[PDB]
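Shown next as structure tokens: one chain only, the form solved without this ligand.
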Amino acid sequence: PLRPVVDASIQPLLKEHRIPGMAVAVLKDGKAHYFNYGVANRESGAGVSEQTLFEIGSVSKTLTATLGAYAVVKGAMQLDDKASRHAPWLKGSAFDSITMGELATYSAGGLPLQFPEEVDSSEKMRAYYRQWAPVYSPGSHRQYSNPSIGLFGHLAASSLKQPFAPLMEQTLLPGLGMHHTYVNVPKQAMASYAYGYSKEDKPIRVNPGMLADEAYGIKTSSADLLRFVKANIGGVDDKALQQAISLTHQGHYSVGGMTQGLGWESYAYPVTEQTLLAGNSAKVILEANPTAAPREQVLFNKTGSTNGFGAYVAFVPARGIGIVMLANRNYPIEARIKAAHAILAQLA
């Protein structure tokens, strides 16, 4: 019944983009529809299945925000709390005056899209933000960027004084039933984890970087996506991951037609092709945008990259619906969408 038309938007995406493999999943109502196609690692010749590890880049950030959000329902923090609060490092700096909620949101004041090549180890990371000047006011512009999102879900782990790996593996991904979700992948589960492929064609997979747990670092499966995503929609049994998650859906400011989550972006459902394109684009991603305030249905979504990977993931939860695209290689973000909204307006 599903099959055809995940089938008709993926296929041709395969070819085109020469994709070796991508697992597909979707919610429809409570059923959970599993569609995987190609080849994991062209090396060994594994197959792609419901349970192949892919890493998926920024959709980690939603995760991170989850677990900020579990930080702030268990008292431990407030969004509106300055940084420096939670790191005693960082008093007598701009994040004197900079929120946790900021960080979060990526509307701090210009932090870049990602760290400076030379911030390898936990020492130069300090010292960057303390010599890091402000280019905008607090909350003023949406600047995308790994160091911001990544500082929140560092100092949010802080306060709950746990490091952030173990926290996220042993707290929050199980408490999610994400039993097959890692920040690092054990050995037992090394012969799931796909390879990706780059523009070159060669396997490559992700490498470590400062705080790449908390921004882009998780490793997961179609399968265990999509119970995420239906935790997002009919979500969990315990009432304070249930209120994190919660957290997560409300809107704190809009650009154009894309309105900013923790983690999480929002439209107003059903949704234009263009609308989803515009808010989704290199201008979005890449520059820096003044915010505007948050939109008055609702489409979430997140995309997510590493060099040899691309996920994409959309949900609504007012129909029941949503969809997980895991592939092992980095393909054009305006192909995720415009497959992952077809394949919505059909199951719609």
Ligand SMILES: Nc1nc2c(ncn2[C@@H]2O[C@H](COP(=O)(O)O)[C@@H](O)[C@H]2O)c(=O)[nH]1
The other form holds:
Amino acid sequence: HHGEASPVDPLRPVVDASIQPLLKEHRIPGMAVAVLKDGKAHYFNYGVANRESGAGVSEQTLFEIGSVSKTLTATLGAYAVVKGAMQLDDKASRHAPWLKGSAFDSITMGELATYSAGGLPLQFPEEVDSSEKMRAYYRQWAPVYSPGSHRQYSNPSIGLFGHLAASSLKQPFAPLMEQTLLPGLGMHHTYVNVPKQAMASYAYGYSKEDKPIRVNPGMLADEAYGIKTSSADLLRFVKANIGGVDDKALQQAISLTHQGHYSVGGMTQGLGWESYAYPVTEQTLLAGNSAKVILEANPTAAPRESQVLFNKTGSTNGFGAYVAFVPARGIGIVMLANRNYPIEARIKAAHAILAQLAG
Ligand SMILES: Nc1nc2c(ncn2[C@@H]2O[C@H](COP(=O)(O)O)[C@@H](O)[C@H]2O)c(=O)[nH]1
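Switching from the form solved without this ligand: structure of the form solved in complex with this ligand?
Zooming out: every chain and molecule, the one shown earlier first.
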């Protein structure tokens, strides 16, 4: 492209300098990046969304965001709190009579949401592939740790929280999310189930062997890791987490997702969101998002006292996402890739970009 005008956005060189080495190094087919600064959204797009169509990534491209979905699930849950349909200290079996008689008689909704129920695993056992088998699994589950004592990052945990939260509101999760929560968040290009009308915008994910893949149906996938969104919509969510929204209940729910419950090292666990004192060292940010924190059980420590950075990683077999933002500084970043590349790479690059945005 020698002789073409270079893009005019003065933030382009900052983003490029961090993102282009990322795409080359881990051979990422496409990434949509969106950045907030001084009340304005800046979109930077790289590569291709679908190798069959050759279509370039844009801020309208739909990516799987994996566990970033948990921030939306948690917001739905907080929304049920605000509406009075549940409290975080409710026993889980209050909201599901099929749970009465089990350990979930003594486990709170809050503990489900914050992966501190007592050692629920990261994933369902593979044989748990139906709603009936799911119910059986929960009723027979044996607590490993006492409730509240340990964080074990778990899809069955926040998955069940999302599920009972929607049950408290007398609506199935996916319609509730798409019809009430997401439109209130201004997220009109975000889906649990991507409709016919929007499929052409849906990227393919790409495995380590460069095979085109999309997320597999699994139990409570909708609740735990099943959202598809664009970088523009996700930046609207960042903005909603900073400036707020017009729906009064949704506004409260957003604030509730920021409230800390406990900490692990420098990370403080909120509802969905994980938070850090800002400015935050790269090492601290990497530690909070490390294999140790993600994969193994960690003891719960006292939460950080209520400036702050909020963040969440998301991954599926073919996608890698990350979002971080600092409300006190009006800055944020959304990075959505159609390849599941290392979390450490995501944090380092976001780290770097946010630091230059902070000025
Ligand atoms: N070893 C292992 N890693 C997982 C499993 N599920 C997700 N991960 C990884 O854990 C990290 C965090 O997931 P995320 O929070 O980004 O969805 C990602 O690197 C993701 O690929 C799993 O079942 N086993």
